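Add chains B, C, D, E, F and G with the ligand to chain A, keeping to what the hints say.
Each chain, letter by letter, is given below.
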Amino acid sequence: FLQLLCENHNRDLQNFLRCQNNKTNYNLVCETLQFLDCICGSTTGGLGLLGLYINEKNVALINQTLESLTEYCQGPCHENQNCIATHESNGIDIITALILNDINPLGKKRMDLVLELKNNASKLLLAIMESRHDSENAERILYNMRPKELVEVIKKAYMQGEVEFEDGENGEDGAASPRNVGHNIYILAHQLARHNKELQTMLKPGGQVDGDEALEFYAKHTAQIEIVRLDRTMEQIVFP
Amino acid sequence: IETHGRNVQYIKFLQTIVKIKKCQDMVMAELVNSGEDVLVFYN
Amino acid sequence: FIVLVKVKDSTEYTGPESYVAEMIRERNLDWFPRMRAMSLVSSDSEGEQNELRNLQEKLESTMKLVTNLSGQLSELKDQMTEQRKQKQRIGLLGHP
Amino acid sequence: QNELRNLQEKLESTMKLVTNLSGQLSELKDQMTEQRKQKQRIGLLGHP
Amino acid sequence: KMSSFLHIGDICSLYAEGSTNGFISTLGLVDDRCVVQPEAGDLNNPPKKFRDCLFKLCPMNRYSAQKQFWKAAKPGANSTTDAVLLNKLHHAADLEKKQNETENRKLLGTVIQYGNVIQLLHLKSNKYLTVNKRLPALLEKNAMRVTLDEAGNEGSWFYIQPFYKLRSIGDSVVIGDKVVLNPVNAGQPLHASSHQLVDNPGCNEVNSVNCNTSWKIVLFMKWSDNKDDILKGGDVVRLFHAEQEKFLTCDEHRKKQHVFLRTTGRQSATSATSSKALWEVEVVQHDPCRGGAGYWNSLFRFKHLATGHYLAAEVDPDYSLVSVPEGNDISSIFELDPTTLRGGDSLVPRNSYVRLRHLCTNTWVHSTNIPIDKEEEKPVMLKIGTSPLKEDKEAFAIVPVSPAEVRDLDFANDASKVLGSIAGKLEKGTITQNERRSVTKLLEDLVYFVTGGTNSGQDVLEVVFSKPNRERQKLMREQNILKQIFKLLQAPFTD
Amino acid sequence: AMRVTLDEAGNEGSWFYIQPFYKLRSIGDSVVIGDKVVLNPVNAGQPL
Amino acid sequence: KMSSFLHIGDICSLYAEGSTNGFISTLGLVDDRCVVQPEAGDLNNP
Ligand SMILES: Nc1ncnc2c1ncn2[C@@H]1O[C@H](CO)[C@H](O[C@H]2O[C@@H](CO)[C@H](OP(=O)(O)O)[C@H](OP(=O)(O)O)[C@@H]2O)[C@H]1OP(=O)(O)O
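These protein sequences, in sequence, are chains A, B, C, D, E, F and G.
Per PDB author numbering, the first sequence starts with residue 1972, numbered consecutively.
Sequence positions in the second sequence follow PDB author numbering and run 1299 to 1317, 1323 to 1346.
Per PDB author numbering, the third sequence starts with residue 2644, numbered consecutively.
Per PDB author numbering, the fourth sequence starts with residue 2692, numbered consecutively.
Sequence positions in the fifth sequence follow PDB author numbering and run 4 to 321, 353 to 529.
Per PDB author numbering, the sixth sequence starts with residue 146, numbered consecutively.
Per PDB author numbering, the seventh sequence starts with residue 4, numbered consecutively.
One or more of the hints may lead you astray.
Claimed, not checked - Selected chain E positions facing chain A (in silico; Cβ < 8 Å):
id	residue
1	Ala95
2	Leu98
3	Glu99
4	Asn103
Treat the hints as calculated values from the structure; they're not laboratory data.
No residue lacks a Cβ here, since even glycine has one placed at the ideal position from N, Cα and C.
The shape of chain A in the complex, shown without the other chains:
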């Protein structure tokens, strides 16, 4: 509920809550949310495998807390990203851990939940990164994923293969194809690639080889839209 309340229009509502007055009323909750999420995953470094199993349905609230992370995520670049930047240097780890790994128990609705969490976390991170340009800020989240291109490539290949293997005939009820999740990850990586050169080198390598799922997925999308909103902006957008 708190996350839902906070999410109401950003800029003034978002910003106002996010910073406040009175030391954020003995609250500057975004850091708290990150800490809570860490406790829930209590990775404290590498997430203990299963913590997710322990979460049981309970991680979905933290998923909704991760959703409330994206609830304190959308658009308002400065306030949001002030917190985002702080978190990227500062905690970034829950998101990093999610990107880095899957869940030990083969969860029932859990596969979908995990995918949703990745997409969400991915969306939040992506939004923040894009707005920032914030190169070393993304370099720090890129310092979160030092595994880089190799890790991304492996994940993309695996997700796409799984999705093809069990293509689901459940239309527009959630694009949680393994490839769909991977596509979201690919978009984030490209957005990340605008920050970091080494990652870009890895990406160029991904683009040329004995073709692969990676080139096909980019083809399914290499947009780099670059629209500019309201006014006074020089913005660059991607979306699959």
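Positioned in the frame of chain A, the structure of chains B, C, D, E, F and G with the ligand alone reads:
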């Protein structure tokens, strides 16, 4: 019983509320709270 | 240039040579003085390699810091000594 | 006939140098004298 | 001088105030709880030894990965994490410990204030602080055990709070605040329980229970002397000459602490550097360690570690060099001359050439080699006096002494002495029960601590390159390792 | 013993080793005014 | 006064120390080797 959150009152009573090979395993855990220091005794 | 260069091992007379002596193999379309070289705009060697609004600001800061590293400390010490002496007079005033 | 980024930087340097040519020297001299005096008190403390 | 006490990592000490007014005293190195000694001297006058209250303002590092590392003993009971998973898992815990450091370094700078939660650690023993929540004290079970850890745990979690807490919360901590701490997780605040202890007339148990036990913030040295090169404080040196390549050695030869220097063997090689170079040099002010740090007009006493003996000199007449038990005379307070070069930058010298002036006789100190005794060639009795000439032959300098070795040796030597006492108990008759459970099996653990050189490789007969310490082995031979041999003889002989 | 000469022009026996008595003052540092400077000819060998 | 002795070309002198404690003394102008004179005064008093 063993630590000074109480006194040295009966181990036998404690054992009675949990004194088969399972009993021996349980006894090892109980002894661990209550291990050494003449818990069984000085003999 | 291509005629004289063509002809030998390519290692000899290197720098531009063995630079470009590989560069024809991958044919990468970008050898030539497109616009950026042009000559000119020397600007007296860029004012002896001296920088922007910032360089002057940096000079001010350096000067200020070195100069500032001594005087206030001295002033405080002397101030304390003078103050110590008046207190002595005050003690005499309230002395018996 | 006043010059570039550089002329202003040069002015700063000249001012700094002339001003700087005196105060620290003075400070060091006084510091040494005060220090010399405490040592005297120290000598009295360890005097017999 | 705007305000003090702004940096975690301070060089300070502690003192008990109230019922029994003692100090933070680790009884030896192998024990587990400190004591409160009225054996110790005044609050205004610390004892002949005071090197035991060596705490430092530690940051609050984590322990959870280290806890889940130690969950590992429960996994020893049971496996499967197992193998690589288990390793990587505890390897990750180790990385997290590395990360604790890769926080503390950044952490230096913080103004230490009221109401904070900080950690501690010794230096002389270099052991940790952790109060148990389920393991009691020796006298009363209600009091909690305050432990000395090798690694440190969650009972390092304190509440820096003065006596009344009249000094309101948030401000910096005044040096002199009667700091009544409180364990976060364990509850029960610390107590100076006035109770007689084993081998201790004399000492009182440090423990944790609800009481009104006050303390004091007792400064020893500012944080800016954390520079390890900077020869400050009580740091220890070696009085090793360089043109002769001989250290200044003391010995109670004729039941008199003759201070001299041994005939130097080898030399084409460097010093064999025996343990008779135990010297700590400190400046003199009645409140200890006054301010200014210029080290120019600073005046110094000379202190030997293992003996309870400081260093003076008086006249010969047929000027002397023997060691003195006390620390209040002027004739022990000697002087220095830094490197004999043109230096106004000598605010803190470093590990280089020194000299001496006197104060009373007020002359230089020569080192002219005059052999004296016919007891033994390559002699053990020389003369070091105070003469107003100075030559190049006074090349005395300072060793930045390796800290770890000193600590190891000291604990071994003290253990051996008790070991000797333990041996005496067995000799009189039998011994008790828990002495076997405490210290008897701790024999080779002290040996395998620095490994003693007891196992190495194999090559031609001269030991050269690398496996365990020759210094350690000779030192092992050294703290009556001979005495230990006699003690061992007695155990089998008694059987 | 080797002849130490007084030349009008100067030659290769002007080649010295500025070294104190013991060389306790370790090599590299500036020369203290008062060092007991035991020189050594480079080419000629024999010290003074 | 930070440290002395920083410039080749110094205006100094020399003194012998040890067995015979003399000075660097050119016997006249036309000779070829210096002498060590105990004729010369003290090390503290030239
Ligand atoms: N700078 C020096 N100049 C000349 N001799 C030196 C020296 N520093 C020490 N020495 C002394 O001269 C002896 C050797 O020539 C002796 O060396 C002893 O040093 C011991 C170190 O503990 C070694 O014994 P190990 O522990 O068995 O290694 C070693 O023998 P080693 O070749 O096997 O190492 C030997 O015993 C050593 O002082 P000491 O007279 O020996 O006390």
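Hints, one by one, checked against the model:
no.: 1; hint: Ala95; verdict: holds (5 Å)
no.: 2; hint: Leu98; verdict: holds (7 Å)
no.: 3; hint: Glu99; verdict: holds (5 Å)
no.: 4; hint: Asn103; verdict: violated (11 Å)
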